[PDB]
Structure formats: C-alpha cells, structure tokens
Amino acid sequence: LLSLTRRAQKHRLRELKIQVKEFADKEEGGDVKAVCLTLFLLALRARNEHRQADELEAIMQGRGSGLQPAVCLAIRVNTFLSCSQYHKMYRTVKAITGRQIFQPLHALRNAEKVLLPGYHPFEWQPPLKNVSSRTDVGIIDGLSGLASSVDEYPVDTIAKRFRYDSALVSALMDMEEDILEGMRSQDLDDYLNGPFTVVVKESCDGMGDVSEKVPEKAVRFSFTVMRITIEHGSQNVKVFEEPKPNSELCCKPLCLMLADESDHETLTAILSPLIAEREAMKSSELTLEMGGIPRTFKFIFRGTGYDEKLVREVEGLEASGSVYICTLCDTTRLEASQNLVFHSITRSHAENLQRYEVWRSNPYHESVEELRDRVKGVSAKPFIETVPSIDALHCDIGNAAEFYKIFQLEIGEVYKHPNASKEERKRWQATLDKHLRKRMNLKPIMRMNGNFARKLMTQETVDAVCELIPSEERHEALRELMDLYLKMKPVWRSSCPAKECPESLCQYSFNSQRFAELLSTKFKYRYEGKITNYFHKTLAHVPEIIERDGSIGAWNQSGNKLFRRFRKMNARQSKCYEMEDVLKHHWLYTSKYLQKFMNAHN
Amino acid sequence: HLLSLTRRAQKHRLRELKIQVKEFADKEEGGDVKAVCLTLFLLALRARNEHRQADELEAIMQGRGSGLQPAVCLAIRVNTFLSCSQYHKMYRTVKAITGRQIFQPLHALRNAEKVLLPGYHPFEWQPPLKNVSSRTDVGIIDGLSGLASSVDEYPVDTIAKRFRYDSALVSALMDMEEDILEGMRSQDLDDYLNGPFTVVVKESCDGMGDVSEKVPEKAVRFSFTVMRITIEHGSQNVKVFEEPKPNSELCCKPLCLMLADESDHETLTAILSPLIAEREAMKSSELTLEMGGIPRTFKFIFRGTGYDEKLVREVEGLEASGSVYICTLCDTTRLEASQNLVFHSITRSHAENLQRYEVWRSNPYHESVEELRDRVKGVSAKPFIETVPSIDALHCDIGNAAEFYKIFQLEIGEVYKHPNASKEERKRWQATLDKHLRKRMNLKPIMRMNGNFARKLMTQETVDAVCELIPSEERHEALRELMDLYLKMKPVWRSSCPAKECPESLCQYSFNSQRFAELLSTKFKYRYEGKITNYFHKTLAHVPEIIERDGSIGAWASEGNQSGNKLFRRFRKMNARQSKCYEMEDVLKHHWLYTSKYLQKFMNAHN
Amino acid sequence: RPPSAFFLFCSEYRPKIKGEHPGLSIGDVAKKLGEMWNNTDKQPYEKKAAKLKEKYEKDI
DNA sequence: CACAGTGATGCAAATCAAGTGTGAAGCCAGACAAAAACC
DNA sequence: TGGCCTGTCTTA
DNA sequence: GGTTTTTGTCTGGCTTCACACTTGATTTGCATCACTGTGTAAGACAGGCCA
DNA sequence: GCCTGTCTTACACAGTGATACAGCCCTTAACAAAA
DNA sequence: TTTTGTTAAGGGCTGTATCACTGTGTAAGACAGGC
Ligand SMILES: [Mn+2]
Ligand SMILES: [Mn+2]
Ligand SMILES: [Zn+2]
Ligand SMILES: [Zn+2]
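Residue numbers (PDB author numbering), protein chains in the order written: chain C, 396 to 608, 615 to 956, 961 to 1007; chain A, 395 to 608, 615 to 1007; chain N, 97 to 136, 140 to 159.
Incorrect hints may have been included.
Stated by the list, open to error - Dumping the calculated EDC-like pairs for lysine to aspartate or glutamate here, alpha-carbon to alpha-carbon at most 20 angstroms: (1) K980/C <-> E450/C; (2) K405/C <-> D449/A; (3) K618/A <-> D536/C; (4) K416/C <-> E786/A.
To be verified - Partial list, derived from the structure: chain A residues whose beta carbon lies under 10 angstroms from chain C: (5) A438; (6) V488; (7) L659; (8) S663; (9) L810.
Derived from the structure by calculation, the hints contain no laboratory data.
Ideal Cβ placement from N, Cα and C applies to all residues, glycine included.
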C-alpha cells in the first residue's frame, strides 16, 4: 500500500475512508483529524514504538524537526536578519532539506503580535484616570497629538511609544512562565491570585549621536521589572527577581524619540503623557489572566535609572556646576566640603514642586540671591519624580581621585610649602607617576577611570607610595586611611550588602566618621572649599541609599549601538515607519520568552 | 475532546473503530494496522490543508535525515552577511531546540571555505610561467608585492590585498566545474573530454568612490569575469559556457582590493603591475588542471574591457577627458569629429601608444610642444595597461537623445528661418516643448540628462507630438526621417548578439549612419558648433567596428559596478576584523566567496 | 567512516576470542581485546587503516 | 578611557564505530467498580 | 582690564 | 436518584531503546586572542558681564 | 582661442517591512489506461 | 486485478512581486582661481 502513489492509496482505501468518515461524523461531530491522530498514536503505542509516537506527539506540539514560529522569531530578531535575508535562508534550507525547518514570514508576524503590547485583555480597578480603557492599543505616536500646523511651535522630532499600562501587561505576560515557576519554587500553589506587587525600575537616558552618514540625537525612556512578590497570609514572599537588573536585555523600551535630552520643550511635550499614565497606575489594581486564572497586580514605580544631568533636568534643579551640588540634600559645595559626613536625604518631588512655586511667587519679596538660597536651587518646575542614586563606579572613582591627590601632596609635602607654585606640584605629580609605573606598573593617565581606581586603591600601593614619603608618622595615617576605604568599599560595591557584607554595612557609619575625622586632622591641606557630587554622596548618603533601595549596584552606552543597529538593518528607510520598526524590534529583543529559546543549550 | 482524555480513555472511546480498522487491514492490506492508520492520518491532514505537519510526519516515518552540508551552511552565512558570532548563535539554538544538528559548526564552515578559495587545488603551467612562482598553495598575498616601506623610501599610505592571477584563475575554474560539465553535456559532448578549452576573461578596474565610515577614503577594485568557455571539437569551437549576467556583481571575481585613489598614479602602478605581469606570463602558456578526475588544458584570452573612460585614459597614457583628442579609439580632435561625423576607424592601440610616448619623450624631430603634441596625438605619458575601450548601449541612446532634444527646441523656434534668438526666446521654446511632452507624452521635464528620458523620448510618437508644434511640414518630414534612421540604428547597439538577432540592422548600420549624418549636414545645418561628445562620436563612427571586434555592445556596459562600493562597505562593517591589515583580506575572502558559483547554486536551489 | 586500525583488528580477532571463551560479555571481550592489543607488530593494521581512510576521503 | 564585536585560534571534552546481552519501560486483554458529573 | 563664574568643546 | 463518563485493578510475555567498554582519530564546545573605531563623560578651555 | 579641481544637487536604485496577488494541491464520481 | 490520470468548478496556504520611501553613490554639469 505504501509503495503506491496518492491516487492509488485514495482508491484502495476509499471504503475504509467512507466508514471512518461516517464513524467520525456520527461520534465526534465530524472531527476526522482528532480521530485519525488518536488512532495512529494509539496504534504506534500499541506496537511498543514509543519513540515514533513521542516524536509524532512532539511534531503536533511543534518541538522536534520543525521550529516553532516563536523560535524562528527569536533567532531572526536575535541575529538581526532582515526579512529578505530571513526569507532567503528559509527558502534555501527548505529547498535543500525538503523539510520546512524554519517557518515562513507570515508565521513570524503572527508570532510577533502575541509578544507585542496590545494583545492580551486586562482591567484597571478603578479605571485609570485620563487613560483609554482600550486594550488593543500597541505602538502609538510619541507626539501624543501634538499640534503640527505651521502656526504652532515647530516640531523637529519623530518618536513612537507604547501606552505604559499596555507595555506593563505585555511584559508580565512575557514573564508568566517565570512567575508561575517561582510560585512553585517558594512552595506555593500555581492557582493563587492574591495581590502580586511588581516593583519597576524606571529609566531614562539620551543616546548621543544616532546618525547614519549633522548629529541626530535620541532619547530612550524604558523600564525594568525588578521584583514580583506575592502575599501569602501576612508574609510577602518573592516569586521573581531579575538577576541582571542593569542588562540591556531586560530594559523594556517604552518610548524612543529623535530629540536632544536638553531640548526641554520637546522632552516635556513627549514624556508628559507617559508620566500621566504612570501617575494613573500609582492608585489602581491590574487584573490580568495568567494560566486561565485571573491574577491581580499592583505596582511600585521607582525612577532610579536617571544619570545626574537628567535628574536635575526633570526635577527642576540647576545645572551641574551649581553650588547646590546634591540632588538628595540642600548642601552647598562649601557646606559639603566643610561638613564631611552628617548629611541626610531631604529632597522630594513635592518639596521641589513647592520650591518652584516659591521661586515663581517670591512671597517674601526677596532679592534673586536671597530667593535662590530660599529654594536651594529649584528654579524650574519639576515634572518627573526620580529616585536619584549613586553608581558604585562613581564611589570608587571619587575616592581614588582623592587618594591620588593625597599621594602627590604627601610626596611634595605640601604642608611645609603653602606658597608652592604650579610647576613644583607638577613635578610632585610626575614623581608619583614615575614611581607608580616602576613599582605598580601603572601608566599615568589624565582622565580618571574605573580600572585605574581599582588598581590604585590597594594597601600595597600605599606601601609603594610610602617608599617616597620621609616621615613614617604619615605612613601610619595614609595606611589607616586606605584601610578605612577598603572597609567601606564592599558596602557600595556589593549587590546585596545585608547578606554579603553585614559587618561592613553595620560598621559603615563608624568608618565613614573616622575617615572624615582623619581627613580633617592629618590631611587638612586638601581642604579648599571644593568637593565632588560623587564624593559627597559616598561619604554622606550611602547607608541611607542602601536603606532605601537595598543595593547600590542594582539601580546604556550599548543603547546607542543597539538603536543604530536596528535602524540601519531592520527598519523601513522612511521617517514615517523607521521608529515604529525600531521600537517594535527592540521590544521583541527584550522578551524573556524569546531569550529562553536562545539559551536552550543550558 | 478526544485529545483532552488519557490514553486509557481515548482507547475506550475509539475501541469500535479500532476493531473495524483491524478487520479492514486484515481483509485488504495484510494486517498492517500501522500503515493503514498512517495513511488515513496523512490524507486527513492533506484534507484540512495542513500539508506542513503531513510532510514532517512523512519525513520522520521515512527517517530521511535533515542535515545541511557545511558548504550549504557557508553559502547561507556568506549570502546573508552573518558574522561568525551570529551564525554560531543560530547554529547552537537550532541544535539545542531540535536536538538535530541541521547547521554545521563554524570550524566545518572554515574548512569548506578552503576548498572555494584560491590556493587549494593543484595545477601546472606548460611551459612554467615567466617570473611567476610555481607554488600552488598561495592564497591571499600582500598587494604591495614587497614594496619598500622604510622611512627613507617613498611613503606607503595604502593597504591592499590580492590573489595571484593564475591561482585565482584556477579557483574560478574549479568553482565553475559543474557548469562546465553540464554545458558540455547540453552541447552533446562528453564529460570526460579534455581537448583544449579556451577561456575569454574580461578584465575590469574601477574606483569605488568613498568608502569611509564616519575624511574621504577611496578604493580601487581590480577584477575579472569569465565570459565564455569554448572547446575545439573539430575545426569548430563549441560554446560550453557563457556567463548569463556578465555585468552582475555576482560573477565579478575580485582579484585585488586596495585602499588608494584611482587618480594616484604612483600607487596605482605599483600595485597593479605585478598583476599585469602575471597576466602577460599567462598569455604564453597552457594550464593543466584536474577536473572530475580528468586533466584538462585551458588557454586564456584576456580582454580589458572593464575600464571606464577615465581609467582607460589614465592607464593608456592619454590626456584627461577635457582634451581635444576626444576618442580613445582614434586620433580625432573634437573639431575634426564634429566636422567629419561618420568616417573614422579604430587606429589607436597599446603598441602605437607606447610608441607615441617614446616619440614624446625623445622628441626626435626637435619640435615645439604644440607640434610635438600634435605629432603624438596626445599620448604624453607612458601607457602601462593594454585595454579594449568600448561603449555601453546606454551612452549611444543618451547622445542621440541629447541631440534630438536640442533639435526639438530649435525646431520649435524656427531657427532654420531665424538665425538669432535671445535667451528669453529659447527659454520659452524649451518651456513649450517640456509642457507639450508633459501633456501629450506624459514626459516629466528633467534638468540633467539621463537614460530613461532618452529611452522614452526616442520614439516616433514624440516626433508626432513635437510636429504638432512645428508649422512647416518639410521639417516634419525631416524630423520623421532623422528619427527613422535613429530607430534603424538602435537595435545594433541595444541587442545582446546583433549578428543573430538583427542581421539586417547590423548590415545597414554604416549606410544608415552615413545617411543620418548627411541629413544633419543638409537639412539641419544650424546645429553645428564644432562641438560633439565622445558618446556621439563613437556611436556614429565606431559601432560597427566595435561589434566586429567584440560581437556585441550592451554586454560590455559600465552599468553594474555601482553596487560594488555598497558590497565593499558591507563586508568591511559586518564580516571583517577591525585591523587595517586584516580587514582587507577579510573583505577580499568574503568577496571571493560571494562570487562563487557553487554557493550561488545552493542559494537558487528552489528553482 | 572507515574503521580505526584497532577497530578492523577487533573485527578480525572477535572470532579467536569468542571461540576460546563463548560467554564473555561485550565489556569483557572488548576489555580483553583492548588490553592484549594495547600490550602489543600492529603495523599492518595502521596500514589498512590509512588506505581505507584515503579511499573514504576520495568518496565525495 | 573602556569596550564592542570581528575572524582566527587552541586546547579540552565529547563523539564515533563494533560487537550483543541485558535491564528498564510501556503496552495488551476483559470483566468490572471507584469516583464523577449529566438528565 | 581683569579674575572668574558659567556653559561649550575636547580628548582619553 | 438513574444515566452517562473517566481511571483504575490484576498479570505475565511482547517490543523497543540505553548501557556496558575499549582505542584513538576525528569532531564540537568554549574561551580566548589581537585589534582598532566609537561613544561617553572627565576635564581642559574659551568667554563675556560687571566692577 | 584655457585648465581643472571643487561644489552642487539631479537621479536612479538599493533594499526595508508591509502588503496584494497568483499558483498550489486538492475534493466530489467515473472511466479506464498502463501494467 | 492493481495502480494512476482525468474531467469541472472552486477553496484555502504559500511564494514572490510589488508597494511606498528615502539615503546614498555616481556623475552631469556649473563655476571660479590661476594673489
Ligand atoms: Mn546621559
Ligand atoms: Mn570610475
Ligand atoms: Zn547630599
Ligand atoms: Zn574615434
């Protein structure tokens, strides 16, 4: 029967075909497919041919010798193949192996729809203020209806975005598998639906020059699901937390725009609807179906991803050269330099909105200098609530810069030479450079960086520099200073110091105070009314930041490269649709679902 | 639903049909329940239009294994511009998820590359080539060819990489092996036949403009294109291979890539002269090379047709294009060419040009510069490459249309009757013509000359259109005949083989161009200014001679290499080590592989 | 693929080992073959292996 | 400065290939009753 | 006519 | 309550793989190399307002 | 009756993701041609 | 007696041929310095 061709087998089996179709229509409502599938699987199992039966079951589940269109999508996206390229590979492999290993282009588009915002239905209770309840919304114009007539302000920018809620929905549905499995891993039940709390790191950076060749700048507003806890009784048990918070991979894009991060008018115009949406979500519950069961989520948004320049810009504060050097407190550069450590986090978004109104209203009729001291730098109206933090890098860098200056000044013995000239200090610096090259193999550089700081902040480096210091009494002081630095460093370098270094976390304030004291006694020569934002944050606010955020390390220079990559290779060369394609592509590229396939070899 | 329930449950719900099927199998098919259920399910799948799962089931039952040969993997990687890391991601993922190794690992692809690159097969030259090594394992070689680089010497500011020309000839022939054997078969000849094959190689060279990724960075490409292979089978030369798309970037095998300016004569000659030496050497020897187990012998014919005019002039010692000596085939001046429209012949040659450079250099009749220049016809520099300058079908059309357009404007202004006209009058004439073409012929106006304007304007319909703007009908008759002559000439320069497709057109071309020029000289006297373009001169003077020399025109066109620059930059960005010595040979190797016919066959497998 | 020299050797020597001990398991017969051939003379095996190797190489 | 990302590289570890006798794993048949949802 | 406080541009 | 289903129960004798062990020459897996171009931000540097 | 770079856009086409259209093997019964 | 072809009207997936669209390379011209 099998050596026969198609018309032959149709004929010689026509009788059984009629009998089988009759039985199928009469017993299963005409579902011939299910009847033949089960018949053949059961026959295979009956003949002890479990291998072929399992492979058939897998071909019906799409797991063997045919890639699921989602896996094709993961490959294509994750390898930056264009549709033309992808189709060439698809058609070629199919022609040469006869089998359709990769799926066609229409299958990949259909698999895209599921992974893009706007596909699953959801509810907000109570309905979000000023946000549409439509759930089938995906990519929408980033201008949010900004007027474009020739009379109005000139619009020089193209941007595309998601509605912030819909994107949260898609990101949760993307991680559904991790959420269920984490519930299992905490010895909890799959079907529980009690209020899940999602913590969300909110992030914003400009991406420099994006141009393909005039500079073309881009802003990326993005988010990261940081942690999802479930409430069991009255314990909040974590069901998920991101392993690599800072990775490009889990940084879910929310809006991409072709604009300058310092173009304030445009920035507020484009970002303000997103903030409006996030405000809306701050007081509502999200109902979303996972695994057949309706689940309920509530969110905590923490804008910790903003470098200092963008913090200052969105919170109404002055530019970085200001005297008000801290975005956490009201210190001045002079105050922070004289007052070494006793500073506390003071500022808040509301305090800044009121300080703006005070600037604006001048209620006590003061002069501009008196008003500026009254509002401690807030001269513009804030429009984003940030959680300004510190980067562990900048702690190391600020410390190392101070130690470098102390080393060169201890070699020159600056206390004995108060009127030392520029060239004498320069030769001091040259002496230290030369000796550090000979002893520690450190190429003197003129721009401070992480690797130089990492190699210089060692006890052995202090011994090396002491080899050039006459007084050993000052060897004592320099070595104790470096010891204190090495005690404080783990706290801000770890990713969870309350387990990895709890002794140091405790002793941090004692150590910081002793460090500042030793600077104020033995090292008075390096006081001149100047200190950096980074050094002030390291000595004044680190324990407070760990109390608030838990970690320093956990809370984008590839952003530029990745943006440009997508634009050049995966996007229509038309102003209308390039940004659509780039945003869609980046979103797909951050899906944990496709990433799982790409890691399958583990 | 049956699929909802367990195997015990589904067994229960289907027991009756199972018994009936066992009866049917024993009564009709010899008891093969397995085969009967398989065929039932396959045909049901085909009925629900789900051919994909049915074919996958068929292949898994046949057990036919799905494995791509490393060569096919390489053809896909090359032809889709995947870097090694990106290929490795796709490979590892497909292998992890299907558990089968459909794509091969990277080391297998490298190995498959070695076969397709110069330096792999062995060969011999009889007699051994003069001043060329007999080593056959040479691949990429430094393009400077041992050029001195010490600080005392001339400063070497360029990076170049190349193949040894015989070695590349070998690699390209081995690549075409399957096409050679199939062509012999298609000509009713024997696969094992070994009689002397002849290879007509087209040589080419061009600048690639800017290559910078962001200071300009220019590139030169030196290439060759196997145009046809014949075999002597009697006193007959049978055509067993002929390149189907000769201007494609796909068959333009890169010989030498160099980062240098095509106008930088010192570097140009330093880098190319070794190649020219190997090409010369090959002109006096026969290549023996094993194909399909049989040694074969190949004789080559190098024709340098791949040179645009600027490069022709530079390498053949002629003056720059603005000269009075406008033809690279003959000694005419622009004024002579304008006055004497049709009667010129192909008199220049590489030997004549070398000679005239010696004359220029030695000034043997002690002449003034103007007299000496006149004597040597503008060959003021020593040629260093023998070329075969030609014309492309495009410029014939372009020159004719530029002339007809100017004629149209002047005929609207009755200049045959009025000698003088202000700028405003001529501008209004041109506006009239442009409006009238936009209205009746749907011709957009254009501010610069171009091909398809010419194509669409050179129709008898446009002549009726413009005749609607001319009052005198004797001039209608004149225009209609001038266009008739145009149309009688066009086939010859457009067609692919004019000897076969339009033998009467080719036979009457010369007569027709004489009558064309006579019509212009009698009833169109006004359009004589002592000016004419090389395109128009070659079209009216040299087309039959070029056809007799080459067989055709449209196939030796300048059209294709504008993609080259794009190709180059792609390979430099995505498939190249980021180090100046290595990026170049990586682009070279990728460009070789991109041209291989073996791999292209895999990429056209569906047909 | 062509057999290793040791592999062709074992195919030829399976009858001697089998006739002398019939119920030796695969682990045991292979362990023996391996131990005695490892102790070994065996140059013709390598010759046959190289010949079969280059034959298979030719096979395209 | 760091670092991204290229094609090449180099060494460790699978892997292959043959012999076959096991053990493990799943399935068959037929009368029938639990634990379950349908009027 | 400056220091020099502020914002722009440069180089590692 | 009757009337419909799912899902077990008890055996063995079956069929179909995986493992077992060796040797050494291939093949894969994986981290690494050397290397520059490019983005970014640390840090020189130009500058004009008012005293 | 100048030479010869530099500059400027016209112009075509490349090559993107989306989209529209055509061609594909069938699906009913029956004869029946090759084997 | 066992395999395939075949008709006609007509219904879905799949393959490729465009869409529209703009950046971009090459080159057709214009132009101006040779103090
Ligand atoms: Mn930034
Ligand atoms: Mn050129
Ligand atoms: Zn502070
Ligand atoms: Zn001529």
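Here is how each hint holds up against the structure:
Using a Cα cut-off of 20 angstroms, the hinted pair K980/C and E450/C is violated, with the two alpha carbons roughly 48 angstroms apart. Restraint check: the Cα-Cα separation between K405/C and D449/A comes to about 17 angstroms, which is no more than 20 angstroms; the hinted pair holds. A C-alpha spacing of about 41 angstroms is found between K618/A and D536/C, which places the hinted pair above 20 angstroms, so the restraint is violated. Of the pairs offered as hints, the one joining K416/C and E786/A is violated, with about 79 angstroms between alpha carbons and a cut-off of 20 angstroms exceeded.
Interface restraint check: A438/A against chain C, minimum CB-CB distance 4 angstroms, threshold 10 angstroms, status holds. Proximity of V488/A to chain C holds as hinted, the smallest CB-CB distance being about 7 angstroms (cut-off 10 angstroms). For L659/A, the shortest C-beta to C-beta distance to chain C is roughly 19 angstroms, which exceeds 10 angstroms, and the interface hint is violated. The interface hint given for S663/A is broken, as the beta carbon of that residue sits about 24 angstroms from the closest beta carbon of chain C, more than 10 angstroms.
Proximity of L810/A to chain C is violated relative to the hint, the smallest CB-CB distance being about 42 angstroms (cut-off 10 angstroms).
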